[PDB]
Amino acid sequence: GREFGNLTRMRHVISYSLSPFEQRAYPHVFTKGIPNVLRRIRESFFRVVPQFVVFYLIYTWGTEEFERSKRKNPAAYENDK
Amino acid sequence: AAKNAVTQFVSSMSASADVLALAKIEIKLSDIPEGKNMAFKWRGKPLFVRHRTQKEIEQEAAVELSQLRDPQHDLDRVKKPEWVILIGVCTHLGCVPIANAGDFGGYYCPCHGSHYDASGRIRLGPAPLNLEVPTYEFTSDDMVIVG
Amino acid sequence: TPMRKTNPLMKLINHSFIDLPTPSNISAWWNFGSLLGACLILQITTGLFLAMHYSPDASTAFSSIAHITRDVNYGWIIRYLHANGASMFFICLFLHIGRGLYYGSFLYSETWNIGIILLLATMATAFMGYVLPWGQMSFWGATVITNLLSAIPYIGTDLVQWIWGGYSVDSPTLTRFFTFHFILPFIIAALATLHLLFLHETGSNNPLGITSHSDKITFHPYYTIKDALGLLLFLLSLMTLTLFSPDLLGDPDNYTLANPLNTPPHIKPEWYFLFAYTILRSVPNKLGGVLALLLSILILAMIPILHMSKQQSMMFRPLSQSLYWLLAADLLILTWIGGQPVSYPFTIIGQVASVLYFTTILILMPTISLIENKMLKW
Amino acid sequence: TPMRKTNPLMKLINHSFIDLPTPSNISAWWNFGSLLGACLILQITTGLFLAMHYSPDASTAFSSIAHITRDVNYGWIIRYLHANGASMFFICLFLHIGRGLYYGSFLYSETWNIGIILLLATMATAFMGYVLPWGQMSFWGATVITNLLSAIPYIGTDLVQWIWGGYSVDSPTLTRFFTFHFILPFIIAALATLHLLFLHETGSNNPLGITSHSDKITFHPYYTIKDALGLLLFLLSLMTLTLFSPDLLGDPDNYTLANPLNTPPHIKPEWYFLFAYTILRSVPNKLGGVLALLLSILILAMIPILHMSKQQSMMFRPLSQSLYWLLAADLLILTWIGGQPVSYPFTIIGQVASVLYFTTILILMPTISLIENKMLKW
Amino acid sequence: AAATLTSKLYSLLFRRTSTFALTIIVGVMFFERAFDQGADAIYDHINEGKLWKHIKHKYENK
Amino acid sequence: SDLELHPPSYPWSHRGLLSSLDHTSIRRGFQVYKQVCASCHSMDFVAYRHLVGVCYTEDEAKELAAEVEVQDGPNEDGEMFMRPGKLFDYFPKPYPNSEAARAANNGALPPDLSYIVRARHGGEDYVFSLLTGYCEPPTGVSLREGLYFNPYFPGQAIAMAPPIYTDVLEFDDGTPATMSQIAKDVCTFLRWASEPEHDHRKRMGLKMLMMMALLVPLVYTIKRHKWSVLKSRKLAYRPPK
Amino acid sequence: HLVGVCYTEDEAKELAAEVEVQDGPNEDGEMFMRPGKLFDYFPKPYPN
Amino acid sequence: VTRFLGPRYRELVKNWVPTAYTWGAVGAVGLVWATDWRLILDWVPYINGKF
Ligand code: HEM
Ligand code: HEM
Ligand code: HEM
Ligand code: HEM
Ligand code: FES
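Protein chains in written order, with the authors' numbering: chain A, 2 to 82; chain C, 128 to 274; chain J, 2 to 379; chain V, 2 to 379; chain D, 2 to 63; chain H, 85 to 325; chain U, 134 to 181; chain G, 2 to 52.
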């Protein structure tokens with residue numbers, strides 16, 4: 002059906018490609034690799050993190066408040082006097 | 128790593144630490160007196176062991192090869208004739224023979240009168256073939272592996 | 002004429018594996034689906050060996066487990082690769098659904114629905130399987146979750162007794178669950194074949210969301226080794242999780258033998274069902290939490306209908322992305338809440354997290370899809 | 002533009018069932034093949050409800066079946082439908098293979114071989130399943146069959162103990178056999194899917210043996226109701242075997258508990274294995290009896306190679322037909338001999354019947370086929 | 002202009018896939034033993050005085 | 085009432101990611117188990133084997149198994165004679181049944197110790213502190229004389245009497261018999277009792293870390309080697325116009 | 134079993150009482166005899 | 002069957018002989034390692050972690 006012999010038509014778009022053995026498996030890793038990952042992280046960062054940061058505040062609060070809810074047993078007896 | 132996977136799963140099927148433990152083991156003292164029998168549990172089967180006098184070895188060896196209901200040369204059976212070690216189950220309907228009893232000096236089955244010689248071969252009674260002889264070997268002079 | 006194209010069996014291997022076109026630009030997430038298949042292959046065989054030793058009775062089951070962990074050779078490795086392999090199966094599964102929610106793979110609606118059916122079958126499978134250990138947690142987990150069926154108004158108890166096979170959880174029930182838990186995964190494999198069958202006639206989606214017929218690629222040379230890298234990383238996480246800290250993800254106080262007479266102090270479902278548990282515990286009235294429990298998983302079918310964006314991929318729609326990660330954080334909220342004892346601070350956050358969980362997938366998303374439609378002048 | 006042609010699931014159903022051409026002149030014998038397809042379902046469904054009570058421990062396997070036949074409501078009908086159902090399964094199986102041997106259907110060699118492998122699978126399934134009840138014949142049959150493995154010259158006993166899980170047949174062996182018995186039939190189903198897969202690219206054979214392309218007809222209108230009638234007659238014969246004479250295809254002694262100590266007299270394996278068992282009885286040597294046993298079933302693979310006639314069906318070649326019914330009578334001879342204690346009359350007839358069983362299809366058939374060739378002047 | 006070792010190594014072992022799989026299998030043959038005894042030596046080294054096989058000295062060989 | 089005190093973490097030898105259990109402590113802890121523990125605690129799942137490869141030698145295990153008689157199946161008639169004992173025998177039941185154990189302990193049932201460590205939250209850390217700690221009862225709270233106040237117990241009133249004190253038992257090793265050393269050896273032995281596979285698991289964890297660290301970069305390089313044709317390609321567009 | 138084939142349930146409840154079997158342990162006790170009920174199986178003549 | 006023998010088929014089988022012995026070595030050594038066969042492994046100079 003949708004085999005390679007019959008898909009989308011396209012017209013003169015030339016392309017170029019080296020043999021795997023003709024080139025290094027790790028081209029310019031430091032000069033270009035790491036900064037790319039850093040740019041990518043800088044793009045995703047503000048989109049992703051803050052909700053999780055919001056989650057943490059709630060997580061901390063919930064445990065802490067529950068601590069006030071229970072561990073502050075003495076507040077109730079203190080209320081008794 | 129693949130082998131360390133594959134054979135490992137196979138190792139799960141080969142046995143178990145308890146089944147290996149319950150079975151084979153039956154180390155026992157050679158302290159047993161001649162003509163005196165002692166039963167022992169082994170893989171669920173009863174298993175009598177009895178040291179025997181040389182004269183009994185003589186009357187057992189004297190038995191004709193053809194006369195037996197289930198013929199089997201005696202010296203070819205037991206490794207050392209003075210000791211006899213046998214499964215405690217009679218070959219007929221599975222009742223356990225009384226130790227050191229019967230006309231022939233071996234074992235006798237209460238259930239239906241089956242007789243046995245000191246070598247444990249069937250000699251009279253309904254039971255077809257001879258009492259089973261487990262594979263075993265002596266280690267230290269006082270001890271014996273059973274299995 | 003290669004031998005693969007003439008042989009009727011090889012044609013299936015040729016189309017389904019070696020030569021089906023895939024988008025060039027596929028990322029790491031698309032690996033997870035394949036991983037699921039592998040996980041299943043692992044959940045079967047490993048578990049199959051456990052079947053060689055486990056004895057499904059009310060008395061002998063736990064002792065058979067001690068038999069597996071000790072007397073059986075290498076049995077504990079099997080039990081832990083299995084029990085942790087299930088949790089890995091749900092990690093890969095939740096991520097696998099999540100990418101579908103993100104990249105708009107849900108537009109393949111039939112494949113989507115079949116995937117949902119695989120999800121429910123997986124839940125019944127893991128649930129019936131967790132009862133097998135017959136530990137303290139198992140008897141009461143099955144007790145409570147089967148007591149949920151009590152809620153249905155007319156069928157109610159009669160249905161529950163029909164599952165129990167008696168007036169309470171006991172040996173026949175444990176044998177029931179042994180059989181069903183033994184049989185379901187093999188159904189899951191066939192439905193997975195249907196899943197790929199509705200998938201491959203249209204082709205795999207790409208992260209951009211634009212049709213990628215211009216740059217299709219044969220699956221073999223590239224994605225066999227890419228997926229192999231995924232299998233290796235998966236075995237990394239699983240083997241580390243089992244061989245270093247096997248029980249961190251497990252539940253202590255499960256090891257005590259089940260007491261009908263005694264109820265454990267905290268009693269919680271294992272974590273992968275557990276978020277849904279909040280939707281139970283937060284909602285008032287016994288039946289409404291059941292209906293909410295159904296809607297919680299069944300919305301996913303409703304989601305494709307709710308699509309309003311003229312695009313597809315989430316990556317070009319940041320305002321939706323904010324709601325998406327907000328929703329994921331909400332899921333973490335549901336999990337941490339479900340990991341905790343009843344109290345007002347927890348119950349309030351559970352109410353808010355539940356209602357927010359439904360509003361984000363019903364109300365909020367379509368509207369900002371419209372707003373994004375208008376920001377780009379459509 | 003019918004919808005069957007559009008949706009892929011409806012496409013595959015449109016192929017395998019509703020629309021695929023078949024020869025019009027197909028008779029009642031081909032129906033047995035479809036019947037096998039039915040039987041498997043029964044053997045699953047019915048069996049699935051026996052696994053819900055059965056306990057694979059050696060100490061309780063028997064009492065659990067007593068629990069099924071007595072305590073469980075409507076359990077005995079499931080028990081007997083299952084047990085007689087396996088027998089009907091092998092009857093339809095033997096008739097099916099005889100059909101394939103008679104009409105020259107073996108020329109579809111790949112389908113033939115998949116049929117052979119599936120045959121061995123069903124045999125192992127029936128064996129381990131017969132071992133499950135844990136009676137006298139069950140336990141003893143297991144000991145006798147398992148020892149044969151011991152026959153192999155070097156590996157032998159280590160491998161045999163590897164099947165036993167111990168020195169002797171016991172509970173772990175029973176549990177293992179319960180697992181493999183549980184798992185094998187579904188593999189038999191996938192093989193069956195392969196079987197039909199290879200089958201359909203050429204099309205079903207017709208009794209005349211001439212190609213039927215001139216007279217192909219859709220499967221749905223006709224063979225669905227023909228197979229409905231055949232399935233109805235199948236359920237008829239099965240229900241008559243179960244509700245009137247449940248026992249006669251079976252063997253008393255299984256209702257006694259297994260005794261490792263005591264040994265049962267007649268020691269006869271259930272009837273479908275009997276002929277093969279006679280071959281073990283026939284060759285005095287152990288390993289020789291084992292190889293003759295494996296040859297007894299493998300031998301089917303060599304049939305296409307041994308074919309010499311320039312025609313398929315025996316119906317136009319009466320001499321070979323007479324050899325065929327000699328072969329069937331010989332199988333009845335072995336099948337009857339398997340039920341009998343060794344004695345002068347039986348041992349001689351068993352050996353002659355076995356040697357005749359090998360010589361008639363390794364020698365006489367090709368030669369008389371050549372004679373039939375020369376008689377027809379080509 | 003000195004030849005690299007790989008220039009001869011490929012010319013011998015790697016040129017045919019059968020010899021390639023063979024040298025792989027022999028490589029597994031040595032690597033299993035070496036790596037296993039090595040990892041065992043390391044794990045034995047981190048925890049001296051703990052493992053019972055080293056504690057056997059209080060009662061071994063009469 | 086109020087939730088039980090949360091036990092402090094301890095600098096145990098085996099809590100290191102690669103470090104193993106010290107078998108001498110397992111021995112001394114078993115020697116604690118045989119007296120103070122065994123009188124009123126079952127271990128259903130441990131045989132007199134298991135010890136054979138971890139501490140006691142097989143011959144010493146044979147000598148040890150015979151030191152307590154065990155129930156056996158019938159001889160002639162029923163009569164049920166008792167064997168001297170063997171390696172495959174499990175640790176003896178303190179009581180014939182649980183109800184007797186309750187009768188001997190004011191209704192309280194002493195839990196099986198075979199998995200007591202991995203059952204309780206905080207694991208064995210719950211155990212040592214449970215033994216080490218017996219504060220005198222707080223002012224303003226009162227409880228039955230049969231009950232004893234151990235704060236780390238969730239009910240904060242354990243039925244168990246303080247099992248150990250200094251020189252309750254004399255170690256064969258000749259090491260001093262402080263109750264701290266005793267409780268330490270007990271927790272070590274129980275920890276082994278619940279995880280027999282620990283020492284092997286750490287060993288296989290090391291070996292898998294080495295093989296995995298060896299393999300990941302390699303497979304990654306193979307993937308880079310295949311995908312490099314795609315990453316390095318440079319398509320261009322050349323319209324006739 | 135017998136309740137549907139011959140004896141009426143009251144008759145089976147009377148007949149079951151005529152023979153007695155040991156029960157589960159008493160508090161600070163063990164193995165006391167019990168009159169027996171419908172769910173009891175037919176008595177076993179020997180302990181083993 | 003008779004057709005398979007011939008002047009060029011001898012040449013072909015001879016061409017594939019080294020490959021045949023080499024894969025035979027592959028299957029043999031692979032079997033010896035997969036099975037931990039003790040008999041030959043006692044003879045190998047370094048692979049003696051077996052006791
Ligand atoms: C056992 C469970 C599952 C298995 C084995 C499985 C398998 C697969 C596989 C192999 C793919 C190919 C693409 C990829 O690997 O990413 C895929 C695609 C897909 N699956 Fe799943 N899946 C499972 C569960 C699910 C679930 C739970 C859902 C939805 C809730 C789902 C919905 C989808 C969708 C929408 C696609 C299309 C992806 C694309 O077009 O790129 N699947 N599935
Ligand atoms: C997707 C498929 C499956 C999943 C997710 C799954 C999950 C589980 C889980 C969570 C447990 C509980 C174990 C524990 O908590 O310790 C379990 C136990 C078990 N499973 Fe599965 N299972 C699956 C398929 C299978 C299959 C296919 C088999 C057999 C062929 C099987 C056999 C068993 C057995 C015998 C146990 C009991 C062992 C134990 O409880 O430790 N399971 N499974
Ligand atoms: C072609 C498929 C199958 C065949 C021919 C077959 C045949 C048999 C046979 C001959 C027995 C012996 C029963 C007796 O003689 O009393 C048996 C028992 C049994 N079968 Fe199957 N079986 C099949 C598939 C299955 C499946 C799919 C299951 C799934 C649960 C199953 C479950 C059982 C169980 C649990 C027993 C023993 C329980 C009892 O006998 O009461 N079998 N089967
Ligand atoms: C459970 C077992 C089996 C099932 C479900 C099955 C299924 C089928 C089905 C549905 C057909 C369609 C045509 C027909 O029904 O006549 C068929 C045909 C066929 N079967 Fe089977 N089969 C089984 C066992 C076997 C065995 C054991 C053999 C050979 C030893 C075999 C060889 C064949 C051959 C050669 C055909 C081609 C029919 C023709 O050419 O007209 N099958 N099978
Ligand atoms: S039972 Fe042995 S003689 Fe009757």
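For the record, the hints were derived by calculation from the structure and aren't laboratory data.
Every residue, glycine too, gets a C-beta built ideally from N, C-alpha and C.
Each hint should be verified, as a subset may be incorrect.
Chain J residues, not near chain C, derived (Cβ > 10 Å throughout) [unchecked claim]: (1) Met53; (2) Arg71; (3) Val73; (4) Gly76; (5) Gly231; (6) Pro342.
Derived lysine-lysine pairs resembling DSSO-like cross-links, with alpha carbons at most 30 Å apart [stated by the list, open to error]: (7) C:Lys172 <-> C:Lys130; (8) H:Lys146 <-> C:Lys163; (9) V:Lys227 <-> J:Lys6; (10) H:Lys118 <-> D:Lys51; (11) J:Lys217 <-> V:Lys311; (12) H:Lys307 <-> C:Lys130; (13) H:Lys325 <-> H:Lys291; (14) D:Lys57 <-> H:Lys146; (15) C:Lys168 <-> U:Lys177.
Here is how each hint holds up against the structure:
1. The claim that J:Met53 is not at the interface with chain C is violated, since a C-beta of that chain comes within 10 Å of its own (minimum 7 Å).
2. At the 10 Å boundary, the C-beta of J:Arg71 falls inside the reach of chain C, the nearest C-beta of that chain being 7 Å off.
3. The non-interface label for J:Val73 is inconsistent with chain C: the shortest C-beta to C-beta separation is roughly 5 Å, within 10 Å.
4. At roughly 6 Å from the closest C-beta of chain C, the C-beta of J:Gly76 falls inside 10 Å, breaking its exclusion from the interface.
5. No beta-carbon of chain C is positioned within 10 Å of the beta-carbon of J:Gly231; the least distance is around 17 Å.
6. Every Cβ of chain C is farther than 10 Å from the Cβ of J:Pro342; the closest lies at roughly 40 Å, confirming the non-interface assignment.
7. A C-alpha spacing of about 38 Å is found between C:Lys172 and C:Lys130, which places the hinted pair above 30 Å, so the restraint is violated.
8. A hinted pair counts as satisfied when its Cα atoms are at most 30 Å apart, and H:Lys146 with C:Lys163 qualifies at roughly 26 Å.
9. A hinted pair counts as satisfied when its Cα atoms are at most 30 Å apart, and V:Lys227 with J:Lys6 does not qualify at roughly 36 Å.
10. At roughly 22 Å between alpha-carbon atoms, H:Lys118 and D:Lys51 fall within 30 Å of each other, so this suggested pair holds.
11. Our distance criterion of 30 Å between C-alpha atoms is broken by J:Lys217 and V:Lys311, whose separation comes to about 50 Å.
12. Distance check on the hinted pair: H:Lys307 and C:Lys130 sit about 24 Å apart at the alpha-carbon level, within 30 Å; holds.
13. The hinted pair formed by H:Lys325 and H:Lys291 fails the criterion: a straight-line CA distance of about 64 Å is larger than 30 Å.
14. Under the criterion of a C-alpha separation no larger than 30 Å, the hint pairing D:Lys57 with H:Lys146 is consistent with the structure, at around 17 Å.
15. Straight-line distance between C-alpha atoms of C:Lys168 and U:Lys177 comes to about 26 Å, which keeps the hinted pair within the 30 Å bound.
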